[PDB]
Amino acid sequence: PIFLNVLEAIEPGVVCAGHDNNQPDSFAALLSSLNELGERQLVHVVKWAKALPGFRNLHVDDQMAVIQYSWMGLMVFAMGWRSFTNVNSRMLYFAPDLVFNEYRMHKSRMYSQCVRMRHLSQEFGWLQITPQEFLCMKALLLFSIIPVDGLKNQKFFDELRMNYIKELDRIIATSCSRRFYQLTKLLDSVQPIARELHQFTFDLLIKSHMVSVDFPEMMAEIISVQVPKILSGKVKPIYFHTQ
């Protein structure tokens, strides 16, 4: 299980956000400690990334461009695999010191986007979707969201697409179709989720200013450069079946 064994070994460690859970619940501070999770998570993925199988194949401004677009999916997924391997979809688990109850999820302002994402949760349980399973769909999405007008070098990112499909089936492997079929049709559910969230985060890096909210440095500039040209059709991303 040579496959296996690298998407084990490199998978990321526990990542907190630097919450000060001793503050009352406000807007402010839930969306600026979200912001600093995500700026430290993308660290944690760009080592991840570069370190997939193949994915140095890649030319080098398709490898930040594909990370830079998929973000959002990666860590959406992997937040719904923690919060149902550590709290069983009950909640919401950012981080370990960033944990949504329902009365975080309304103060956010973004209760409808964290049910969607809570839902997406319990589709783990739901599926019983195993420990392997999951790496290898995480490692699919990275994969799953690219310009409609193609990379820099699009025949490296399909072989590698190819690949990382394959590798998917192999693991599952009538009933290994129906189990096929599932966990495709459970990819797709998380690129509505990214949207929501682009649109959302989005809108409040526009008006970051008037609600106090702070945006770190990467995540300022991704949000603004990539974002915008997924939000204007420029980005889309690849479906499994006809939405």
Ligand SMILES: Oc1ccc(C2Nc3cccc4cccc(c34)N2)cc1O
Second form
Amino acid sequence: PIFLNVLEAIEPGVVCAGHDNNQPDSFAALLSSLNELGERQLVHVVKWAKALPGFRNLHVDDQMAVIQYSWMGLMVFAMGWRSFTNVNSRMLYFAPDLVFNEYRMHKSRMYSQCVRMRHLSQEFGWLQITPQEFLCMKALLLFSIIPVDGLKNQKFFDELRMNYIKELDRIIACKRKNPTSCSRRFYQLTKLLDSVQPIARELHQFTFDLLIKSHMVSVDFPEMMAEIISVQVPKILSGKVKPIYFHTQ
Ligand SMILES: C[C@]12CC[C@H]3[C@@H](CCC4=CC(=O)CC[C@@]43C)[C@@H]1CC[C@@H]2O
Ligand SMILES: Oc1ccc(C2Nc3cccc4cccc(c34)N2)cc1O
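After the form deposited without the named molecule, can we look at the form deposited with the named molecule bound?
Full assembly next; the chain just shown is listed first.
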């Protein structure tokens, strides 16, 4: 249970958005708080990524790259898990102080993306995802998006990712008998994981589009979000960096 003990030990606690719930729900106010929340969650993502088994064996530029590419997917997934465990997926639980009901979903102007996020959230319920399956899936999301012409040390990346797939396959296969059950299950979970990607990508277009018009629309982006969204996110939009799918889309 060593790999699982570590994944349960390094898991972030609650991150607050710092949203002032006494302000009226406006676009400016909702998206600036989401942006601050993304910025706060980045600090914790960085510290979590670095405590992961084998992570520091990656080349150091590569460690920065996988995090600056995959943060959107990791946070969407974790948020869907929080929504599921806290409000049985009925609303989007970004943070204790920034929970979206239907009105916030409309005012944020991301209503259809929110719907797709609630759908992802509900799959945790429909699939009866266990906390152990959750933590191994989210660890893998870290290794699920890279540049098309490879990382600085692609071989070390490939080995690591292989090992994360094997740990997920093992977290399933601890507790099952005569096995159509075990294939069907791995199939289900690799389908859930592939499904995070098109969602992440919608939110990549959205937040890029917003950063560009952010002065016209009084939305604040803090230091790191603004930098990652202008430097790394367009490499995803332009197709220089692409998700690693299990099944072909
Ligand atoms: C990227 C973004 C700010 C950060 C958001 C993102 C939507 C999903 C998301 C979920 C979280 O739980 C952390 C914040 C993030 C990562 C927002 C959509 C537009 C906005 O600019
Ligand atoms: O080897 C390393 C790999 C990634 C990082 C790392 N990656 C980051 C991405 C985005 C924002 C950051 C802000 C502060 C520190 C970081 C960031 N640190 C630091 C390292 O020293």
